[PDB]
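Omission of a single protein chain aside, the complex is shown with its protein chains in their original locations.
Chain lettering (A, B and C) follows the sequence in which the chains are written, and residue indices restart at 1 in each chain.
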Amino acid sequence: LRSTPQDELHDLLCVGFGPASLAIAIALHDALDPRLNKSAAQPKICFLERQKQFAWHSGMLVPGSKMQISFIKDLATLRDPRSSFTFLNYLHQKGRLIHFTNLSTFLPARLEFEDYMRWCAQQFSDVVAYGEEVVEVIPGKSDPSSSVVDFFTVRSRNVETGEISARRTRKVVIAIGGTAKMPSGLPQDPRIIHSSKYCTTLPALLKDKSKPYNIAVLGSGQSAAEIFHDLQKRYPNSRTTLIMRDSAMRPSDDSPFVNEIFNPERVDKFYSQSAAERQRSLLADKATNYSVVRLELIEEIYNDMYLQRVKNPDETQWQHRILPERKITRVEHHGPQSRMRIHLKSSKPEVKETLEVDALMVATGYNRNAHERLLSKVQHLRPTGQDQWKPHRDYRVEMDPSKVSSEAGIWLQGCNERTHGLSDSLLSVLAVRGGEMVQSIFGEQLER
Amino acid sequence: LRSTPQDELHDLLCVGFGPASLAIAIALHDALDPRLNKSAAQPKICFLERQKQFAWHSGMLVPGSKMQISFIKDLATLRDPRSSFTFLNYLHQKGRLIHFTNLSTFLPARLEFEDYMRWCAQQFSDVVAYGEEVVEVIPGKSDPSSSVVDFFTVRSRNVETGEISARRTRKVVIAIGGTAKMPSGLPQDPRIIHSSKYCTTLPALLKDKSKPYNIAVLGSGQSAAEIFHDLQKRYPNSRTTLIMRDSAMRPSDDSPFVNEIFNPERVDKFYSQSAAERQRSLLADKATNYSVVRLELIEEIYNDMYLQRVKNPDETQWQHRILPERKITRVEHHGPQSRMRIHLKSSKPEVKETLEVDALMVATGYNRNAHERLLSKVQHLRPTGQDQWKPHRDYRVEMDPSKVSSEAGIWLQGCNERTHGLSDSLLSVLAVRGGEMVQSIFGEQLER
Amino acid sequence: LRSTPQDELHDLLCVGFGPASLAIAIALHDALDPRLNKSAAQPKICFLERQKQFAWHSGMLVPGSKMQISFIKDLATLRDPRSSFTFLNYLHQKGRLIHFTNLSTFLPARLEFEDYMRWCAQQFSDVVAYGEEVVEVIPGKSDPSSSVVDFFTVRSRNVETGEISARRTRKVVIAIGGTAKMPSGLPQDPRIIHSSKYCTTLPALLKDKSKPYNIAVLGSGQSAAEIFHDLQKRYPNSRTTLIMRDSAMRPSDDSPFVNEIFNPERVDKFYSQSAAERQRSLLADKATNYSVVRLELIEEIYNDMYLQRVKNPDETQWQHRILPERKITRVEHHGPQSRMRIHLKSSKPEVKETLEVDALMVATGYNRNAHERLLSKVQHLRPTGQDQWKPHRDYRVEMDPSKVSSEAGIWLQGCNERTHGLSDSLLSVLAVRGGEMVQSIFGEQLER
Partner (left out) sequence: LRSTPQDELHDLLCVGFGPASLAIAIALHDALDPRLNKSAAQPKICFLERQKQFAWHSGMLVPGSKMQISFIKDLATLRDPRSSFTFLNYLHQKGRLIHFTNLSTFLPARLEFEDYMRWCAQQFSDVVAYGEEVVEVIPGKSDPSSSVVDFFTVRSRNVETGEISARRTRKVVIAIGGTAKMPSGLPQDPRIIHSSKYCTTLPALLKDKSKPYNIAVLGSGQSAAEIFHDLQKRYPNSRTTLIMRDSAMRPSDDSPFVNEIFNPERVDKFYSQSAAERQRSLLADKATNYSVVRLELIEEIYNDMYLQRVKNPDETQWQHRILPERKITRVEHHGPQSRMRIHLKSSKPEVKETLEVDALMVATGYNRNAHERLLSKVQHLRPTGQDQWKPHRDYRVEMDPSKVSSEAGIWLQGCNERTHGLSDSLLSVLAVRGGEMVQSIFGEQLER
């Protein structure tokens, strides 16, 4: 794709260049390829990224981490396996395809799947601005005296300098993913770090890999266990503690009949379900994604735990402990020492031990309400009284017909789980979704 | 153990000779063995069985069925691995121990684990009366003019003849397991059979294994899937239908941290938990037992399902279908034909297809309220106003100190899940429980 | 590809339309596709098949049989994953790609992989003649008075009618695969059937699936075990016997470091090795292919074997027996009965039991010397004294420069294991090989 001057009115502007946005670029590429598309000027497009270059959750690129989805659900295959942008094609291009096969694995390393996506991302370098974090989407009318909005202005603070530029577009896509979630009862402290910053910020706080540190992990999801399992290797002399409110780490559900809610086609049937059944579906199918660990990592962790029992039959004296059904009441981070003091209570409804730590990893997951801050200026374009954005099946936010021109729009991606299903936040349907997105955004063009 | 004349007052009488009762016999055996017990007249004991000989759920001994618990949790090992009555010893005695090892399996076939238990059961043939189904436990006072109950009479209808005999005992144990549960909206019909009668009664109704029958299964638990998976093999020309109210068959949870609620020691900690936390524990740990299928059988079933898709892309035309999220509203069993008519509806809250079948297997699980009918005569011995039996930690039912002598008692087994945990109904703690039972029942004796 | 009139001189004629020939068609297709090839009249080509339509070893399409190679080593992916003719693309076209993924298997069913290949084969129906079995390749000179051979005539007996036609070509490819191998000490009998005819001919001999037959299997390779394992299901009342000269069925070796001899690139390094090292390589790497069973099927078979031991501790009285280290000395097939008599001896170097059977399946593998019969007329074109065809790296048979024009040639496929390695007879390198073949055959054309 060719670059568009900043000054010009774009056909489409995307906020975020993670997997979801990247899949749109790919599908737009493919739709325009006469090789893959017998039908096939070029659309004027731009992607804006807070990061200085493409990375995929670098703060959680723990050594040994695997991806949790089949390599077949890559960025292109499910829409079209002929596509240039498939995992297998990427592998072939690196000279690794015969070698990957010999693993007989469906689950590449996280590190490798990032490079596949980085290899995709580099081919849209003409149309992606990096280090540009979007601070607001603002309505605009080509006819200032008229009462009709037909474009949107999107402004971003430069990460390096701080300068704010603007780029005008008819259509907007917010694919920003998630923001780190932090329990409200936790104080602000450099010792207190969220899982998303584990690889990037913990090495600078605990600079000595040799030192007898005390480290704690709050959580029982996938992040929790990866960190907890990594701490034993990365800090061999540390005493690690895993605090969780549940009784146990629970296996993630990938069973073939359950796993079909992740089918691209099921999105239509899911969307069509009532709110009662959607709330019901997500709550029953919870263990496909949330607060669950991969079985193999549970078994790996348990087996380490058992090894300690062979060495010492007294559990309180182990190096690496698990404390189930505990909440945190007080944190003391003003004591003169290098170690802050964590107070614990039974997570059961109606005073346990007190821990001293050099760091606290909080692996409490992610929220997905980040678009609100960007769209508050655009809130007055909804139907009267509507205090929440309503996404349609094509992902366009319902707006007011008399206030917004049909050419103008805003789509959301990765936040629509409550309307589209458990696959929305994930990699599952990105190939097909991207293709569908190219259909709603550019479909006027692509028909002629 | 030596036999006791019918006429005499027993130290202990057990209703039921399934695994739970059998484990008590074993533990009593072991406690009295000077080889295993340096401490060691013989207690006067009797077991009463409805069945004519020991069998372990023969109506569900489906070809290929595996047991779902480690062979280590056999009837004796966890109390004492030296015991004569371990699985490995049984295997050694059959000349199969070197051979079993080569399987490298923890899960014997159901058929084989029955023979192990049948091999145990045959060694108490002196003290077990078969074909004797217990119809009531009745209080008795050695001093008729006194207001104190010190024994219990237990009467049983002979399965062959119908005659009723009685046997007096100081202590009683009700280990009767479960009774088949049947949805109330289902009519009484020979075509309608519960999973517990699948192997024993379905061959007599559908006598021709060749014939193009239509068979249906109601359920999504382990019984459901075994029957459903067996129907394809046992009736090759039949059209099978699996009806379930859930969206999908769900994997059973055997993950190492979760599976620790099944630890013998955890029973104490569980018992000590409040009612709020117990209700909470069982509901969160649900998938360790109820409404769940073994992962391997789900995968086996799915893969068969996929094979059909390779043959025909039209799902309505498959031989073996799954109908998810459907309830049954009407059953028509008065039509002139060999086939009764099943009407279905969405199990979702607010009219689908109508099925015609030659048989309906209902795999709707088991209830465990069967002791009430036997204990209603004994209900007036509880504390004032108590309308439910309260089991203590040792499993003795709380009674009235001023109405019942300390020598006299009643214990329950396999119904106390609500107070003892998910392991109660199962094989998990039987070795240790039996040993504990021998401690409460015979512990006065065994101290001297 | 467009059809060529019979009368005209072809650029290339292939004998056989199995996987190897089919991969050449595919690679030729791809080389000529401007979509996949920016470089891209059409070559005049023809494939001649003995079978009336494409099938892939239909006589061994046993129920439940899996393929033994990754689906990635399909007919196109390793040359180019973008290709229209990949497994994943085929699946996508059938609407099964999301469904196949949920299996999380690398090994499709044999039945399914045949349909994938049948789906490929149908797209060259213009250039493939079916029911045409090739009986000889014959030299021809455009200049009869000259001493130079520049074309070859290829004649085939019509399977339906018997008529013999001829088609002239400059280049020839013999990709006929293998012929059934039969021990010389076995007499000719309809009761004696080779594994390759198991599905197609055994049902007509043993017409009653109910009947208490005695069936025997000679062999210990993959064919042996599939038949043996299938007999128990397909004939439930039969007594099956597996005779083998080895002590045991041995696991096939798919271990990642060993499995790299199957890498496309390794063919060059293998070809370059001396005869001493090649003989050495194939003999050490034997268990990657020959006389070996898949581990899972060994375990499946063993576990069935153990089930019988639980039922009867006497091994001679089992329904399904294995007789290790036995050879067959006499066969008696002239007795009046329906059952011929098999005499056995220790396969050990220096009289055991005698079996009576209704059928004998011989699973003794395949030879690959079938091209000789077709090429005997062409033998005088080799270098003086050369009594064996020498294949080059590009697979062209070395011939005499002064007797054969450079435009004229003969290539071999699937028989060159002794020079190309264990992957030659298999599906391993077909994608890449086909592409390489298109390079040697059509490379003059494709450069311009």
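Please note the rule applied: a residue touches a chain if its C-beta (ideal position, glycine included) is under 8 Å from a C-beta of that chain, and two chains touch if they have at least 3 such contacts.
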Study note, to complete from the structure: Across the complex, visible chains touched by the hidden chain are A, B, C
Practice item. From the listed residues B:53, B:101 or B:122, report the one that touches the chain absent from this view. Key: B:101
Review point. Quick one: which of A:162, A:313, A:349 or A:401 touches the chain that's been left out?
Key: A:313
Review point. Quick one: which of C:14, C:128 or C:249 touches the chain that's been left out?
Key: C:249
**Study point:** Among C:106, C:290, C:302 or C:366, residue touching the chain not depicted
**Key:** C:302
Point to revise | Among B:153, B:179, B:232 or B:263, residue touching the chain not depicted | key: B:263
Review point. Can you list where subunit C touches the absent chain?
Key: 246-251, 253, 255-258, 260-261, 274, 276-277, 280-281, 284-285, 295, 298-299, 302, 348-349
**Study point:** subunit B, residues in touch with the chain not shown (by the definition above)
**Key:** 35-36, 70, 72-73, 77-78, 80-84, 86, 88-89, 91-92, 97-98, 101-104, 106, 254, 256, 259-260, 263-265
Practice item. By the contact definition given up top, give the residues of subunit A that touch the hidden chain. Key: 94-96, 99-100, 102-103, 109, 111-112, 115, 302-303, 306-307, 309-310, 313
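We take it that only the chains that are shown with their structure count from here on.
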Study note, to complete from the structure: Using C-alpha atoms only, the most centrally placed chain is A
Check your understanding: Which residue numbers or ranges of subunit C touch two or more of the other chains?
Key -> 102-103
